[PDB]
Amino acid sequence: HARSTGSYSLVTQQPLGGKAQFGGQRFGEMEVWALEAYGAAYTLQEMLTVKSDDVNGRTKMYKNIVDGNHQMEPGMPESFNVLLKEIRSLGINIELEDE
Amino acid sequence: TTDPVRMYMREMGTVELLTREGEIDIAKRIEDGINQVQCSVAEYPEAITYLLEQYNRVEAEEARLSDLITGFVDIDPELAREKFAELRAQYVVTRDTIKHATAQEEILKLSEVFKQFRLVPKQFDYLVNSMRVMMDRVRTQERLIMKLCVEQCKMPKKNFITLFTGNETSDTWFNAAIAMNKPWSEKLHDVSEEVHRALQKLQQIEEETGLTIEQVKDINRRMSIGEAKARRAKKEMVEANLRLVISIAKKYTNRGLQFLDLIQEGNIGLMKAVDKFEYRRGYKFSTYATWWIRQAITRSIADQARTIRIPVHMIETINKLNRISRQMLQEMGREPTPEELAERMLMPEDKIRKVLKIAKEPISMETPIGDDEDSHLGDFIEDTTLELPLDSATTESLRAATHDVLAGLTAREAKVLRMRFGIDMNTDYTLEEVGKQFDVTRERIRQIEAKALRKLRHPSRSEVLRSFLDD
Amino acid sequence: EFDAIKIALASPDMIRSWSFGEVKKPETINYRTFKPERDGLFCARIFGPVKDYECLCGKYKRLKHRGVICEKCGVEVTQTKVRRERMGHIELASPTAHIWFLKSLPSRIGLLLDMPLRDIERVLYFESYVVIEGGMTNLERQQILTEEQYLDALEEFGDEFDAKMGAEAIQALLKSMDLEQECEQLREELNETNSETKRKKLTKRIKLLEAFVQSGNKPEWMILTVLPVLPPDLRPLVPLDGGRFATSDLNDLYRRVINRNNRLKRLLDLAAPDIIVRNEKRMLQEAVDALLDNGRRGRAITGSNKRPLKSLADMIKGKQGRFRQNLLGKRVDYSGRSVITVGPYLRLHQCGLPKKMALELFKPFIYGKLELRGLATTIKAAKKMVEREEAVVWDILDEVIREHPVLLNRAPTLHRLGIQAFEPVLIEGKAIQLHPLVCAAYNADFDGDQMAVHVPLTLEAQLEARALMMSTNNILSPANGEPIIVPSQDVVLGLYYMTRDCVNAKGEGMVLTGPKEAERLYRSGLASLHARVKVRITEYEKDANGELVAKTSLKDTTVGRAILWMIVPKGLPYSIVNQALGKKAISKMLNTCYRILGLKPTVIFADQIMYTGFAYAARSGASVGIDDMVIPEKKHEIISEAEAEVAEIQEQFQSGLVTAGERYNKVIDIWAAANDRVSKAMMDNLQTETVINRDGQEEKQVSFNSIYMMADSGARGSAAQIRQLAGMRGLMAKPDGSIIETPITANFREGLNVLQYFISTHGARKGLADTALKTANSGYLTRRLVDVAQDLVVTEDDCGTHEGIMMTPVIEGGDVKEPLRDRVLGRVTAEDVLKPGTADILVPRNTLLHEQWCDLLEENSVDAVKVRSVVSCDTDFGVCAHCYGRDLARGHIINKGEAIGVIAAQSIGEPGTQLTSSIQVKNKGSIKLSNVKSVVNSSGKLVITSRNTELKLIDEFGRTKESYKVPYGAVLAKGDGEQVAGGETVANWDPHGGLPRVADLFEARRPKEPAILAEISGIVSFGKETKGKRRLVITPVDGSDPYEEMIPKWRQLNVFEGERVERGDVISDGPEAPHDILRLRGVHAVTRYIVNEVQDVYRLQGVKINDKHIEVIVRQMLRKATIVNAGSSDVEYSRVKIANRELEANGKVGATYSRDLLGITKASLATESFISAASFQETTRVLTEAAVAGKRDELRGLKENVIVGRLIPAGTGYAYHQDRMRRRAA
DNA sequence: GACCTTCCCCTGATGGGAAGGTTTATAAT
DNA sequence: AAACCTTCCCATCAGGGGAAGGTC
Ligand SMILES: [Mg+2]
Ligand SMILES: [Zn+2]
Ligand SMILES: [Zn+2]
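Protein chains in written order, with the deposited numbering: chain C, 1244 to 1342; chain F, 94 to 167, 212 to 236, 242 to 613; chain D, 16 to 931, 948 to 1023, 1136 to 1273, 1280 to 1375.
Since the hints were made in silico from the structure, they are not lab data.
Please note: incorrect hints may appear among the correct ones.
[What the hints assert, rightly or not] Here are some, though not all, of the chain C residues that point toward chain D, as calculated from beta-carbon distances under 8 Å:
id : residue
1  : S1247
2  : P1258
3  : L1278
4  : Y1285
5  : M1315
6  : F1323
7  : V1325
8  : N1336
9  : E1340
[To be verified] Keeping only pairs whose Cα atoms sit at most 27 Å apart, straight-line, the calculated BS3-like set for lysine-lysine is:
id : chain 1 : residue 1 : chain 2 : residue 2
10 : C       : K1303     : D       : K398
11 : F       : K499      : D       : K66
12 : D       : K399      : C       : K1303
13 : F       : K392      : D       : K280
14 : F       : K418      : F       : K121
15 : D       : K399      : C       : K1262
16 : D       : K321      : C       : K1306
17 : D       : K321      : F       : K502
18 : D       : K280      : C       : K1262
19 : D       : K334      : C       : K1262
Cβ coordinates follow ideal geometry from the N, Cα and C atoms, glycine included.
Go ahead and model the full structure; you've got the sequences and the hints to work with.
And the structure:
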């Protein structure tokens, strides 16, 4: 099975790992470690930024890939904003500082 | 144990039960307190002036007869015409005779005819609040006139109470303390405006409530005692019969609602059944309290069970449909037909399917999917909101194609098209809207638009745009 | 757009800041319109519109009037996505404590008042009152009382005496509390009063106070006055198939909190008694706490389902869910998977990718490249063109694949090689072709295993897949310099088959010009392949200045080795192809090729070797049949003989000559010594089986049995499987370990019978389960390793320390296990190492000890090299390139930016899945004792008196090649510094593990039977009689003598009484505690210990890993320390080491330190970044604690960055972070 | 040409109905 | 669960008016 651009989970904007073949492959922690071992940094980023999360990253990367321009515009993983919500909805206040 | 259900289950074992003695014993105490607070209103001219306004408006179609009175301690509609002029036998004997010597022992017989008319608690509470607002109004003036002399002029509190206790009406006490030559005396001429005019809202009360400033304090002084008696009795009542609420609440286990929620929503109905109970009828309290307890549990369930709240009526109707389908399992052998309950029920036929269609419950997204793996329902949930990128690219391409094509037409047609449609502009414009700032109106634009849409309908200038249509 | 993540306490007003409304009605979508209800949990007015750029009422639909709150509903028509950002709050009626600040082990509210937890828990449940701010009364400021205690207490003091009950009391107590005045008082209680008891909680309470102030957040906020709600998009109610609605448990819990708060307010305004309202308050606290963390009070279940609903905190921690299954590992687009197969024709750099897979994968590239070349009008048309499978799109796909690397991954990713980049090769079908040479690195077979593909997007990810991840760039493993690319089964078999010779092959002994003619002989069918023919061959060897010189000459060889010579590269000589050429030989040949000619030649050499191997191994027949297994005709006898050897032992036990556990060994020993007979019966009959006439003279040579060549080549069949194949297979034992006195007596060829198969079944089950259930064990170990490592990267050029660990060969017992050259290769010297003569220079201060210096130091007798290590390096938040070493896929110095921590953790984690009389000197030399006390006795010879005694051997070189230990009272026949003959017995006396092991070694766990150590020199002395345990005093020599200790008498001693014993001596026997090894010895001794022990368990089986890696873990274990004095200073080692040393450069006095020893899981606990900790550690705790302190994370590291989705500060990310951080903060 | 009858669009009525609220009396712990 | 009752929101019906059509 293989997938390039499929659906996404509602809760966390991640490629639906269902639909039994149309779903995206899982890139667990060990895979991230293997990437960390090499100097590959943009590979890991585009993995967990463009190809999974970043409601804008997927769209921008796709609109670029067709223009012959292979360049990612990394944003913010939606899972992390959801984590900020789930932590801040508690009696915990998490925030971000300067540019 | 830990769980807060244990704190409660053994918090009631303290106050011993009350049967055959307790009930009738402390109900008399309840009534003996409300009798103290009731006669407090018996002497309140504002209550008379307020009763006249709400009385004559009953004969003018505003307020119902049985909506202002629960009865008379003296369901008969004929017992009314006989107690609306016989009670005035003391109405005008003490009011216009102040012109106030013999008007001191003739106030009880005028107030006696005022305790034979049981008003509905709705207006009764307004009367209690009326006396409360009168006390607060009178008192505001005292807490004004006091701190204007003590906290400002530095006078002893006792020299204030000594000169104030007894008058509380005129200025004969204030201007008399000027000759005391005390250290606070020389500071009484500056506040002679915040204390003199202060009686304008204090002394005037006397001509409204027809009573001295001090009597207004006596009334509430005893009224508070009466209401305290009532409170202290009813709390013990509900504490005693508390166990009954649990006995009733244990009949609703899997009601989409925790146990303590049920027992509490039932305690509310227990309190309600208490406040509206008369020990005179003889009927035991266990029979009466059960109605309000069980109803405040049932309706509460109907209101807090479903995550999607449903009006009470629908809950009743659905449960009835379920009952009929239950008692017919043994008749049909397995289960009734869909259009069968239509007749057994009072409702019509076609409403059954909708009533049952909406009767679904939400499934927790954490419900593990098949294979029993950690995979849950919330993992297979898609997102049909975001448009796929394969279409976003088409949008960004059509934008440019339309831009180039429109830039191929004339200037007039260009702005007219970008106007009639919301192209690269906030909010497209109507016909006369375009004509408003294009110097020729109402049909000029109607011709320009058709001409441009035709110059684009022609090929060799539409191929690019025409490809974007695929059907 | 951000470079700092902070976490602080949530104030009841800072909550009202975010909230866009107050949810009042505990409702949802209506019931009949499916529309949100006013002030409900989904209220569009409070949170946000249902549709996109559309209001709930339906009056404003156009995208024009965006910012406007339609007075109809109050719903500002905007992006519906904002319903994911829209917070909310609830006006809680009665105060409610936050469970997290009361239930966590360091109970925040608990030691914020020094008030024990069991007291506050009684106050909350409304089962006791509590005093507050008494001032001057009979009661304190914090004191508990019961019903009857509060009864006649208000009469004594109506005013100035307040005492509340429940959450109101706890809160108001936290409000009137002075976190300032109390602090100034707790300072002296730690100053004067001794007795650690007076310093147990105080030393941690003063810290909570001062940090509670320094952060800024106030203690009253420990009680949630306003409960914030979660956006409805994070807890959707979305419908589903069939009409059923799917909701989250967060809803049920929120709805509960709202219901109960409403009920409480209704009572408070309905004039209810206390027995009702106090029950409602507790129900409210219960619901709120179960909403934040469900499973700490009573585990509030859900509705129709019995399963407990998931609360807020539960949506963060755990291997499942957020932070572990979301932010570190996510699914990805542009990927796939399939069943992998062979693919020999492929090069070592390319892999076969199925066509349809490539089409679906590169869809976005295909569309654009089509619309560009004038073949598709617009993107939509290109979609239909590829959806129709038009012919042109195949060539378009071939144009887009061209040099576009892809990534292949094997399901368990142990090491970094688990993901490797290959060059796509379009292929028909659906199977993924994989290169056989890489199957070793991937650790995959072709029995159905599946692999995943990943397509890079950025030009960067395409370059990193060519210059970092490409297959031909990863040849030698980083864990050990040995190449990870070595021929497997078929290849080595074909080569070994060619490089063989019998004696009488068709036309042997003749001569030929060279390889061309030898192949002309083989292919024609005139000559054999195994002939002993000697021919001429030109062996190139670049000599004398680097100039290639081809010296042609004749040599003795075979027709086969000479043919194989055609593949061999230029620089390599002919001696590499003159042997049997087994697996263990082909590998070393390829290794010499690599470090002689370079990367580029080695690659093509490997590919050629594979092709030729497979071809020859195929055409050699090379099969197996029933007749191949040669059952020794002596078997029958050899069996019955040892079968009757027990018939005497049986009567020996039946009469009473031997007891049970005595004749047991009588059977076991004769059976074990008889199994060698049957095993060697087929062995010596199979190693010389084939018998042929050399020119006409009968003679036996190396056998040609099909099964045996597979063994002598190492292709598949090992040695034990041979003893099992033809002869009977041993004796099994029950799970007890009771080996059965009933061995197997039948072989595998003849066939096992019913009885014998049962014990085999147990053996099989033990192996199967022990290997299967071990997966999670090794995985867990390597996981904790990576969590202790990550932040460690190579940044600093050179630290500037001469320290260096002292590298000496392992030489132990009989013979060396690993020479000094290995544990020094590629490392760096610390101090100038010289010849055996003093005042010389064999090597300067610090230089890369590559192969050259290795040979140079090997010439001399210098067996002791001072090498710098990572355990000792002057560097802050990193390491210096020199101290690490060089080891990589290249022999060059480690680059500035590679994250050595992760690669080391993997280098230890991948090999984890493989684990579970007198002395006789050998070599000639001279006896050299070490640390021994001796005394002459009757015999005149020498006897040892010191328990510890080393027996080195100073040969004519001056080195040590022998090291034996001899116990107390030994028999010596030479003495110290005495000459010995060829194996003279100079010693005589009367003698009267796995992965769970290395886990303990890393965790620094205290041993079961510790061994006391000495703290100073001097004569030791006894002391007071046996009271409870015993005593022992320390008698120093010159300095102060306050040291002593209590050692139980139930534990035997070893140290000598009236004898000097230096610090760190063996005061008793048993294992050793690393904590006690750091104090009395130092920082180098402990690391030298952990490495030497952890290396043994791996040395047992076939595992080799450079000490460097383990050194990195040791260095990460002592990153903490304890301060001895205070000094001029006002914990972390690096931070204090710089912060106090900057003022120590100033004339101000410094503060001394003491390295602490934290296990890999205890060191991963404390870390500058709190996010990285809460990622794997106990999230719920970590966040609570790092929240009260107002801790501030700047991320500075790996896992944090991958969380927020940023270029990791390492490698390619380290260069970007370099250029950014340079001008950053400057 | 007016006068009477006719033909369509706003005010506001006001019939219908869904949704809520208050009581219910043998005792009932 | 049934019984009698008030508020609100519905989506629709007599009634008014501004002109409109057609002829003794
Ligand atoms: Mg396999
Ligand atoms: Zn609106
Ligand atoms: Zn260094």
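The hints, checked one at a time:
1. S1247: OK, holds: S1247 of chain C within 8 Å of chain D, min 5 Å.
2. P1258: 5 Å, holds
3. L1278: 7 Å, holds
4. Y1285: 4 Å, holds
5. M1315: 5 Å, holds
6. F1323: 6 Å, holds
7. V1325: 6 Å, holds
8. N1336: 4 Å, holds
9. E1340: Holds. Min distance 4 Å.
10. C:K1303 to D:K398: 18 Å, holds
11. F:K499 to D:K66: Measuring from Cα to Cα gives roughly 25 Å; hence the hint holds.
12. D:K399 to C:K1303: 22 Å, holds
13. F:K392 to D:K280: Holds, because 25 Å separates the two Cα atoms, which is no more than 27 Å.
14. F:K418 to F:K121: At roughly 14 Å apart (the allowed maximum being 27 Å), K121 of chain F and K418 of chain F satisfy the hint.
15. D:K399 to C:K1262: Holds, at roughly 22 Å.
16. D:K321 to C:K1306: 48 Å, violated
17. D:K321 to F:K502: 18 Å, holds
18. D:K280 to C:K1262: 48 Å, violated
19. D:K334 to C:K1262: 24 Å, holds
Hints 16 and 18 from the list above are not met by this structure, while the remaining hints are.
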